[PDB]
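Only one chain is given next, in structure tokens, and it is the form deposited without this ligand.
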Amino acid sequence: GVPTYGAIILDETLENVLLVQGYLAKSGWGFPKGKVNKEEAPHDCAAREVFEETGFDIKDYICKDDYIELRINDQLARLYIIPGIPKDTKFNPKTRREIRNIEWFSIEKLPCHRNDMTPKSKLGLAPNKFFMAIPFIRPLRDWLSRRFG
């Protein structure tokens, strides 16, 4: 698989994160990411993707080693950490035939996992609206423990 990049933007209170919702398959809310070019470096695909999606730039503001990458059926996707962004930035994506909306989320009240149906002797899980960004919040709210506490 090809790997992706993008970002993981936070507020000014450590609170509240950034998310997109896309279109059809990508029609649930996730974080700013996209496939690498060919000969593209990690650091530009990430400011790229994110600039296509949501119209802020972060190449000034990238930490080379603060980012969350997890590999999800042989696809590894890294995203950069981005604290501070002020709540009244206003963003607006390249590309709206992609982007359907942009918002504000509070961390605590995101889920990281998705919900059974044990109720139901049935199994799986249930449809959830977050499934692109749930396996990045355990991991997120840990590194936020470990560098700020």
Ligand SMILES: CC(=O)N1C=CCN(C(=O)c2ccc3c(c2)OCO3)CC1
Contents of the next structure:
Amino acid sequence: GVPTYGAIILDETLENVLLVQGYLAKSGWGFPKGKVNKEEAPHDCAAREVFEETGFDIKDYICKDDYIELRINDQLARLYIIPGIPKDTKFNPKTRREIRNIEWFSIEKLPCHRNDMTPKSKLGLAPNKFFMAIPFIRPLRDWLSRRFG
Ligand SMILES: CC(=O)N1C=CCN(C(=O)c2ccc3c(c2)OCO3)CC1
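Got the form deposited without this ligand; any chance of the form deposited with this ligand bound too?
And the full complex, kicking off with our chain again.
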């Protein structure tokens, strides 16, 4: 699939992250990100997608080496880590046809896996509104421990 780029924005305490809520197939909460355009550099795609989805421009804050990248079902998603953004920042998407809401979440309260349904002897995972964010949570926590401690 086409690579996606975006950001993990943290506040100044490093204990909250900014998530966005879309519609329909992207009806849950996830980090701001989207698909790279032809010939567009990863940092420019991350900034574009984040500004489209949040109205906040990360361009002056991106650090080249500071990101988490995952390959899920053979599609690569790279989120640049952007700490220290104040919680009173006014975030407003460009297109509310794509973004329902924008909120800060406590990192420690976010799930890092979905729950099974072993209580019901049924296979699979229970729905979770953080499903898009979840794969990045443990790597983020590990990354923050290594970088800040
Ligand atoms: C116009 C536009 O940019 N698109 C349309 C709908 C929104 N998209 C996202 O980039 C997107 C991905 C994952 C998400 C998310 C949003 O919000 C919660 O998790 C896909 C592309």
